[PDB]
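Shown here: the complex without one of its protein chains, the others still in place.
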């Protein structure tokens, strides 16, 4: 009957859809429905298994695994980014400590420069006063000589 | 008939596959096809729902949600990495500003050191010439005493 054929094709089609959802292994029964509604009972080979989009795992297993991958890949990258930010936080503190130390060096350099200028000025006055005193003495001697 | 059985199994198999694709809820009709081709009409419990890979959501819903997760997880991490790179860019500018300021401190220190050394050489000369003059005066006095 025609109803025998429709029922046979439907069962084999339902079977094959089930294997796409729940997977298949090497040796497991697989049906090939020919364009003329012909059912061919075949036992899947290592070829059919290895050369399948999901390699006989089925949509459920693949989606369960992909969900695991997505979740692990987020945990993995979040830890890497938290590690990078930790490194950035330490560099920031060390750069602020360097700038604070540089500001103090600059303060100490200004004090040494000003003490230098003040010393230079004080030596000049003493040199001028000393010159004036030695010149005066020389004059008192040059005058006391000629008599 | 045997065709009655094949058609019944095919419908129930097609039905279940549909529920794996489109999902099921607590109370919704579920068929269990026994290894002897026996169909058992039941009503999915809260147990069947809670203890299912996708918890009665179906492959379509789960894949639509997983696509949302993948896309949001990329937007979330791209913003975190753009934030980290923004910090790195600010640290680079500040570190280049510190190095430029350190180079100027070094230049300022060199000039203070040169000014100090020049002053040191100038005072030594002055000190020497002063010693010479005072020594000469003392001699003119030590000689003028001897009479």
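Assorted remarks:
Here the chain labels run A and B in written order, and each chain numbers its own residues starting at 1.
The criterion applied here is as follows: a contact is a pair of C-beta atoms (placed from the backbone, for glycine too) under 8 Å apart; a residue touches a chain by one contact, two chains touch by 3 or more.
Residues of chain A that touch the chain left out of view are 3, 6-7, 9-11, 13-14, 16-17, 20-21, 53-54, 59, 62-63, 66, 69-70, 73, 77, 80-81, 84, 87-88, 91, 94-95, 98, 101-102, 105, 108-109, 112, 115-116, 119, 123, 126, 130, 133-134, 137, 140.
Chain B meets the missing chain through residues 1, 3-4, 6-8, 10-11, 13-15, 17-18, 21-22, 59-60, 63-64, 66-67, 70, 73-74, 77-78, 81, 84-85, 88, 91-92, 95, 98-99, 102, 105-106, 109, 112-113, 116, 119-120, 123, 127, 130, 134, 137-138, 141.
Going forward, only the chains that are shown with their structure count from here on.
Separating the centre of chain A from that of chain B, both taken as means of CA atoms, is a distance of 5 Å.
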